[PDB]
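What follows is one chain in structure tokens, specifically the form solved without ligand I3P.
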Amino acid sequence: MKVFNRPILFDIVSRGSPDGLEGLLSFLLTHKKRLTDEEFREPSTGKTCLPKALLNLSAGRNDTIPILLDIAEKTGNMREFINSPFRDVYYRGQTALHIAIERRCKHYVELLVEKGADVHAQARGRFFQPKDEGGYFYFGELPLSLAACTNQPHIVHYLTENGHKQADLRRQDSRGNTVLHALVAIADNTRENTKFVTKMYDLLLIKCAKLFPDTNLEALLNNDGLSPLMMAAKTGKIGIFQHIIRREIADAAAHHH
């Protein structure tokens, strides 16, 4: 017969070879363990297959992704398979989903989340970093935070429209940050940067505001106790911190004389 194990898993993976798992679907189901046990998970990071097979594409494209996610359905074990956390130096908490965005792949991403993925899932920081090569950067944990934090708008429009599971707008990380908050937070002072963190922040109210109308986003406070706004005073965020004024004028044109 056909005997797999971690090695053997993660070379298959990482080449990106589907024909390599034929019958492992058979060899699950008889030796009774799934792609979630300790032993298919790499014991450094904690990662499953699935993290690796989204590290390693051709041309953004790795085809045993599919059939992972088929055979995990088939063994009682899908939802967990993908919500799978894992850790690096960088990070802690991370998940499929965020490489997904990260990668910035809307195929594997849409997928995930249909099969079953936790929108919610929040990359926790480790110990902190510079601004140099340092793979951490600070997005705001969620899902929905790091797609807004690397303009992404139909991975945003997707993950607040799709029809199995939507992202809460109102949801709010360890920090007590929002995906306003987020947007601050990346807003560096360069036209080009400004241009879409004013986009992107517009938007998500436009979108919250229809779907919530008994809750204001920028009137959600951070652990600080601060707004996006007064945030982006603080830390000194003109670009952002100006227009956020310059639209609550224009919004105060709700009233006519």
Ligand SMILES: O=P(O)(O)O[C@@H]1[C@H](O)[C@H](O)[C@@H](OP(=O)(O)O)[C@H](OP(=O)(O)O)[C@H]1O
Second form
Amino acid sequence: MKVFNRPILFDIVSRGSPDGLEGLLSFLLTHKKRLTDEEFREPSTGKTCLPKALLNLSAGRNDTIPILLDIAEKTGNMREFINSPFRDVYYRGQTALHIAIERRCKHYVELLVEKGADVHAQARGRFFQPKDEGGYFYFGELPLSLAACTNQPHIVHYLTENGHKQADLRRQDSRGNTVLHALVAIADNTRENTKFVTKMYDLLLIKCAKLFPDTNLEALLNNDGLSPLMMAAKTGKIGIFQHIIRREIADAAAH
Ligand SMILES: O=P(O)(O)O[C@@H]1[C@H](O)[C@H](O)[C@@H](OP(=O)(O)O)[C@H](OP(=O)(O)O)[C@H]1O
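So the form solved without ligand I3P is up there; where is the form deposited with ligand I3P bound?
What follows is the whole complex; the chain from before opens it.
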């Protein structure tokens, strides 16, 4: 019947036309193909049509997204489809969830986590000099650390509190950095930055203590052997450094 290939699929998805996907499920089942197959991924990056959809929004929406996820499910492919990684010059291991978070799409984030997105997928930075030139924007690799570092408390709440699959607040990336180290990494000592970073830091610190009363999140060490406080001191992050100190002092005064 209707025939689908990569340029056709990507045309439909980049325009955001749900009607264009009529016939695709039947096509995939009849020809024994999957949306993760090489023929339906961008050769240069590894993107399936899912990242393509998320990068092509109209008023924040692309109605092919729910349809593609359903098609992936019905072809026994849902997990692989959702979590299929891609790369560019800056990161490898990027997933659809990273895109949905970076584009601030709360609804798509929920949809993807509900249908089995890897809440701990790591977008690892790429470098081209012999010592990491830091050409990429570092946010701690993980979806939770991305949400935190981009000032999205609702997504932070969702990712840690949802009933399907929760991001672990204690998680560490490839540098050994927890979300707290990541917040320190992105701190730049400007007023609005210092304001959201300290608020996010405390929200996560308190939430960790509540869930794991035995556990002090700001005690966990990165691979340099540094706590967030000490990383902050070493890297000149004055505003967050000072806030952690006053908070530590206030916390002892409480008891
Ligand atoms: O400074 P705060 O207190 O952290 O407030 C956040 C700020 O307004 C963000 O710009 C916003 O993201 P949007 O631009 O997408 O609205 C976020 O919404 P969120 O919590 O729903 O992620 C707010 O929480």
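Whichever C-alpha set is largest while still superposing within 1.5 Å between the two forms counts as the rigid core. Numbering follows the first chain given and starts at 1.
With the rigid core aligned between the two forms, the listed residues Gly135, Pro153, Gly76, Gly176 include just one Cα displaced by at least 2 Å, namely that of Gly135.
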